[PDB]
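Each chain is listed here by its residues.
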Amino acid sequence: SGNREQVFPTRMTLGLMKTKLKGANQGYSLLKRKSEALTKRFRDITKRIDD
Amino acid sequence: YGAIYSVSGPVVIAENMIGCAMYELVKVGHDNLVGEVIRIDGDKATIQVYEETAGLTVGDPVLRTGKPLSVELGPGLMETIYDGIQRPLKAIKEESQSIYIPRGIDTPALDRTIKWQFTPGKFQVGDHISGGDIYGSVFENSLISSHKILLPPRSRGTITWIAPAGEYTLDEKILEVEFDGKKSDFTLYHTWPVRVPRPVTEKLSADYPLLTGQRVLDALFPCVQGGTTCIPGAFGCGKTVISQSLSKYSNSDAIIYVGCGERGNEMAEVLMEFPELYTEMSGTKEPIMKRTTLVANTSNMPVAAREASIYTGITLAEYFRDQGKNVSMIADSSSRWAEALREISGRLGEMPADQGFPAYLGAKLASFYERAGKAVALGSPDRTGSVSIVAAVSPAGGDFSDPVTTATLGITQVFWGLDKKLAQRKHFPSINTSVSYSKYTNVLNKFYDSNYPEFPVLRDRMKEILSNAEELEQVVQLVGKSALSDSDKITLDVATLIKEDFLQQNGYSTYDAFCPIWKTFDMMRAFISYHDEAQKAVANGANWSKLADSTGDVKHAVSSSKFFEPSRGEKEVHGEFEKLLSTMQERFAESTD
Amino acid sequence: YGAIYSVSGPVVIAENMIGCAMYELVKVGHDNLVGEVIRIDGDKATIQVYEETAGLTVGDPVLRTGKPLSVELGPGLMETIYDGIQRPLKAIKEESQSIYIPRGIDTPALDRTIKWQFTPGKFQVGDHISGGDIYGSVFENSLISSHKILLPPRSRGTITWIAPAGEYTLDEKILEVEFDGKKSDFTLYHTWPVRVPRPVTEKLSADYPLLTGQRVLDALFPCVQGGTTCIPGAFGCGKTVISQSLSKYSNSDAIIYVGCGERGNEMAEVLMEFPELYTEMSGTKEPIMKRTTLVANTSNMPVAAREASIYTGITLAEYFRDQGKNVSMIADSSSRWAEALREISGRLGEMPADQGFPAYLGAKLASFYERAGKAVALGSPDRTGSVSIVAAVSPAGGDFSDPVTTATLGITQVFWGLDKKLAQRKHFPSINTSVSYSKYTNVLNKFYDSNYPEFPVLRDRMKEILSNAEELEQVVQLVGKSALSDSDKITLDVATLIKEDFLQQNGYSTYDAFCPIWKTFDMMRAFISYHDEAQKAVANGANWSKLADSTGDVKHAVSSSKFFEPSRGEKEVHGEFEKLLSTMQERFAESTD
Amino acid sequence: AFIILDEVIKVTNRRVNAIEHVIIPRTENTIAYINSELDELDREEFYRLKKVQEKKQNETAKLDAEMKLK
Amino acid sequence: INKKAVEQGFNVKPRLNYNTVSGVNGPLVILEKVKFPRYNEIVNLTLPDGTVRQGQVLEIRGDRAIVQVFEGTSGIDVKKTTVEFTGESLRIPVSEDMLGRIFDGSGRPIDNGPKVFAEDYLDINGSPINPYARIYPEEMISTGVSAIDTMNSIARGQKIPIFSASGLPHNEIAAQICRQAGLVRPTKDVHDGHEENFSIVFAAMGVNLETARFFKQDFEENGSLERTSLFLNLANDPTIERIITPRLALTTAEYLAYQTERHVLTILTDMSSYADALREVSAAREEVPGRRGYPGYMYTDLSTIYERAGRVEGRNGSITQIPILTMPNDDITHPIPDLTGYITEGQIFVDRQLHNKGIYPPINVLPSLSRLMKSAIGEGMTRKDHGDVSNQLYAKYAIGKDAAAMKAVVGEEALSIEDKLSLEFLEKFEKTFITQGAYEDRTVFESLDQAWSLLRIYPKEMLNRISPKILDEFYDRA
Amino acid sequence: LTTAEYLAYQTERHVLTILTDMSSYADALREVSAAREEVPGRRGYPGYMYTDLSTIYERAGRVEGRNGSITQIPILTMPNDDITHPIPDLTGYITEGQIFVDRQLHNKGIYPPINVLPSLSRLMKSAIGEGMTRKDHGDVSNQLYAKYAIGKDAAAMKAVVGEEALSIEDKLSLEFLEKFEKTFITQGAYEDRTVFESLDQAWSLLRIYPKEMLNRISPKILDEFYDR
Ligand SMILES: Nc1ncnc2c1ncn2[C@@H]1O[C@H](COP(=O)(O)OP(=O)(O)O)[C@@H](O)[C@H]1O
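Chains as they are written, first to last, in the authors' numbering: chain A, 2 to 52; chain B, 24 to 616; chain C, 24 to 616; chain D, 155 to 224; chain E, 11 to 488; chain F, 260 to 487.
Next comes chain A alone, as it looks inside the complex:
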């Protein structure tokens, strides 16, 4: 059921995967707003090219 890491289910691995999930989530948000800044500058540069 769904994609799986196929990892050893233990409390240590549970904590490891919770930390990994938090890190990946904050990285997703981090890159999302980085990409927001980059696409804002990209739209600006497209306007400069256009005119």
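Be careful, since some hints might not be right.
[Unchecked claim] Some chain E residues close to chain B (C-beta under 10 Å, calculated; not the full set): (1) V22; (2) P24; (3) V31; (4) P299.
Hints are computed from structural coordinates only; laboratory data are not their basis. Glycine included, C-beta positions come from ideal geometry on N, C-alpha and C.
With chain A fixed as given, assemble chains B, C, D, E and F with the ligand onto it according to the hints.
The following block gives chains B, C, D, E and F with the ligand in isolation, referenced to the frame of chain A:
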């Protein structure tokens, strides 16, 4: 009668309890602590004590009451605050003059000192009477003009003596029957076990809407008199608005609030704001407490009380439904009741099912929720009541994977999905339309076609508009407004108008405290007409930006349409809605030139 | 003798059982329900009934036979449907015309009325005959033309009288021996305790393949005649289909299909299909039902009989191994055996090990699986047989962490892991190549070098291709098809071709239900040649993008190579595959110019 | 900037749709399935232990009551 | 008549009624001094208030017999309770006229009519069918649903439940299937078509009153009420009683099919409620939990329910079982759908994601399976292209789902032309082939033609699963 | 709590109750439970301590007839630093809000290392007002929370888009977060700040921002406090 053996907290092994039945309440110790038998083994009865057990000696008596956990049903039930065991918290306070609840206190659930005016019914001496038959009415309050006196179920016979018109207390005998020679004495009240539903002649299909007065609820996610509703009982979400609207403006002839396992200072709010909630449905301004009973349980109340609170509330609601009164039951947090079940199961040692919850949690929830619904009451005269359960689930910080939340969402037909964020943005009543749903839309088609035929079509159109805007906001954020077609801008503008006008109801004002279903329907016609006229005009080549800068006056008229005062009269408000529609049609015709 | 003292599910405790022993067959109740002792506590002995236990009363006789659970071995085993206690289901239905399995029915396991033609063996009067000696041959089937009547093991002596050639039933005396003064009689059949493995002269190393006909099983993860194979997968993966295809198309001389706790429609399927399918192995076109015997125990049939079913099946397999026949055992689901053990243990009250299974489950599994390997049969004339145990495992939830799978993995040499995702795409047999393995690959080099010398090399080549494409695919689905080398794209496309046209096997189509080893080898060679030639052409100047389109005909040809009829013969199929290889060679030579 | 934005948006979409949407089911499996099953097996084993202990002590108490009666 | 003549039913048998109640614990009542207890006798408990509830012995030990009470043990007093032993295991009065009657989960009529005027008192949870006497089901029944005819075909006598969750239209799909179930190639014995109808038998376990009313009303609208027998065990009904309800339904299905030769279509809704009843009973009995608290014997008992299906050699009846189970959290890995999938010859998977997309019926093709589809399709029955077309539909649907997942991360532009074809196929598939009217009845041939129209999106060369013989016949205008 | 009940509800005192190391009490409770041969519940802790923690916690609040009150500040150490642990979970069920002590703040040398983003006082709004502290308490607290969250987000982007690519609000937010954490949150172990001193320190921190985007302060309060 009995004696005591092994005591480990509430579990209390008794002695010489030969005649005790399973799940029978008993009085434990010299303080007469309440407790129910959990096991029987010969003359030994395992009793779980319904409160603190620190002082109990071996050998001191345990008297068996002869009845399971039951609630005293009768007049005086209105305007009373109870716990799960239906202990009158007020009466306990004045009787003991005490800040706390004394251990082993046994004040009667219903006041025995109040003298009630009793008007006998159609039944005379020698008439055969059956359970549920109304043999008298008692003027309880001004809101409850006649608390009809039901003959208890499972009891029937020939009426041998009935008290004449007069003023009586509960202990005084009122009616007398003979079944087969055996003679029974019936009084102004009776006790019914909480865990057996009150019988009805027929469980009807709930098909009349529960007009909560909120536009979003009454329009998009409608509940039904006798329906079932689930709510997320989080903190920041404005669930107080929902509870106060159901207890203040709904169609219900009675309100049962069940504060099971709530916090100490949350029950303080619930008990302190309710006395000043007032209604105009009676034609005169009267408190809702005249129509409402509260079941209040702080988290330190005994586990048995917290577990039995919802059953006590639903039994009271069934009792008032059996009189023909549409009653709404609001559960503060069914998750607290499930926690009480988990504690009870753990202390009994039953094997868990889902991270500690007992194997019967789903069964108990389904059986309890099935007690709700429209039904023809037992006995004569013919009458129809309804019990609507509006239960709030509050799991561990929104962890809606909780089996309690899963089972509740699988049982309840309506989910009103309050959102924390919508409360942060001050968008009351803060209903998250994206996740909220109602499965009573199909059933209410009868009511709509009888009264407001276009209501389902407009509701579906509003659903589609909001969903389209919701799914199009992502493409807006990703690409820019320039990528949007004119019709997409129409959808966005109309949806924003909906969010700011129709879904968002002030509630604390005078024009938005109670939006009736007919005014709601008029507003749906107005909004859908606006969207349709804009769509048609723009499909006729018109640029949407020019219309938006030009048709702001009709948009303002639609915005002020929520300011129409419902108290002005249905005819007057309908006429002014017709003027609004005529004006908007004319102005669209002018601006589309 | 004894009387029932307690009944709780399949477990029955009988008192007055002072003289009974562990694992001793006992007749329970007035219906003489079959069971065996699994515990003794003084005069009370616990019995696991092999039949439905409903209706047993305390005090009814529990006869103890004195013998363990014994299976009759002799002519008549083949072409027969059996239950766990080896009751012939056909004879049950004939004797009791009801469509059900009547409890306590006592049909003789082997038909005592058929007159078998008996040809005496090389032994004459006065010879010293020992356990496992062939003292005669019997025409059982046209396929099993010489069912060799072995002397029972654990018995030896001097031949006193031997029956001449003729027709004898199983109750007629055939051989007479004299051990040390005691004179014993032997017939066509002899009973053997199903729990003690049949003795052999020596367990040889299995080094000949069990050609099952599946391309992936034969190529990548081959089993051997005498090997132990596990096929774990979720429901719908297709383990029973793989098992049935093996039973139909393997190179075995006998099949023991044990439906251990699986649906009865599978037994109906095999009963209605096997007589319709034929093998040339005996030298003439003859039905495979003449070669297959079954032990049927549907999932609703008694639980302990599930445990008995594997043991009667494996003892039948050992008996046919003792005749020098390469017999294959298929256990339809050994996880059902494990659940039967778990249920019996839970009734017994034993402390569980993991997921409720008894602590001795791994020991039982190992003891059962060790009865597989190729061995020199006991006694003379010298002969060699094998028992290929191909047992499907059904883990709960599809997780291979299941205790049955974990225990079985450390015991079996072949692990045909099934992938649920591949089965959902209907990509059968859906072997999970990334986890599946076979430890008989090194042993089979001796066979390959003699028959298909390049087979192991191409097998390793395809495994390398598949693993490379798997890591490539995860990388791509993380980052996209861009920045891939043309060699990487060739690897991905070739592995997709493999997964879709070589590992694929429709199992029910005429062309590819059975893929003979030579056709599998030719397909292996063609696919590897396609990969190698695409890699070389792209490496030598060409580009993959226009090469794929310019040479789509050869890709379609290797795709259609699976549509070659195996009935055309090895000569025709190999000639056409060589034509395909030459056409691919010339097309890739010309297209890269 | 087009190249950088395409790579960054691809990485973000991958994290949203595959990385996080596989780590969350992996964590859900780990805790909700396996840790709950291990706790459940410990519960069953300790409850069977308690049942054995209570039946043994109840038999001892019955024997003591019987010899007191005798 | 002589076969019916032998009855031995006139032998009256006095019953030992015991006041020797010893203990009550949970749903279990213990009785001492029982004279020769039988393992699985039914008992009648006269409670002190006079009410009589129904019990069943689960364990016997010498003079004591452990009794479970179907309606719960509340109010049972050692001093006053009297226990009468029927002497035999649970039986239900059965007859052909018992069709068209509504019952509780304990067999008591609730249609305000008479009690069952019996022809035989069939033993409950009847003995398993001899695997030699079975006939392999290979007679397709056209359910009118393209998601269940072209792919996931059902043949008469197949166990095939509906995998779903709370809120999805599983019961509407079941109502449709019972509404338009019929052989693809009917016997055509007579133009009346009276014996061609399915004799539905419906068992409701732990379902709300709304679903019971829905099923009753749907059977009424189609004239099926005269042919269907209902066993209603609603949410408010006792939980221990949910165990015997499917047993009663399957016993009457066996009587109708294997004794009166009726093609019975058994519906067992909310098998998850039966599972919860089993779990509650097991936790009461402190038995070993298999997984997620469910009993270790869950597989065996569920199979005992499910395996009472198929058709038998000399008898022209059949029991086609179509249970409905609510997946607790859309998990196949949950024990209820897992064991059911292990037992029940396939499953028709109702999908939440498809339902949210507005598709009806929301049958997810990939998780769905039909084990004995393989023999119910082909040349003699349906059409020679059925199997290959179904396999190619599965392959292309899987490829389309994978390509949509790829597009979710790498955008639509990066997709190959095959991926774009696969998205086109998935969209048209879900919205024009799976999507079907609630009252629309598509013959298997119409659905096959629609499947071929969908498959013609791909050029002939990439339809690899379809054999060349079929592909050179049906790909060009069939 | 018996002493607090006596004082508050009979002597009519305002009583603050600090129950430090509630986790150690939970460990003791588990030991007592397993001493009675009870089988442990979740995470070895017995399943009934929601009741016992409730009995401890609910012995608080102010009452009708007595001018006294009980305020409780339980202090529990999260084992392995997770909220999903039974003790913090049950305490969150029974208690109004929570104060968070952050290890990351502690390692930076900030005392008290109170992380204010997760910490919440559910019924804070009842403790603040015109006759209750100062009229600006609520909106100053809201503005501090908003600007602190914005500062944390801008600190995340400081190492991803660069300092100069941030917006002017983000440049102000980095230095606001600096001054906040190391002057306002950072308070000496013996530095007693009255609520008004803390409020005007918060104002001095908020005086760096412009009028336009101090948007979560009411314009009346903002125009009466920010502009001088
Ligand atoms: N190799 C195959 N070729 C064609 N169809 C298959 C193959 N394997 C399985 N199937 C189909 O899938 C179903 C798998 O069911 P089964 O073999 O019983 O799996 P399991 O025993 O794991 O439940 C079969 O009924 C069959 O229709």
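Taking the earlier hints as the rules, which of them does this structure contradict? Of the numbered hints, 1, 2 do not hold.
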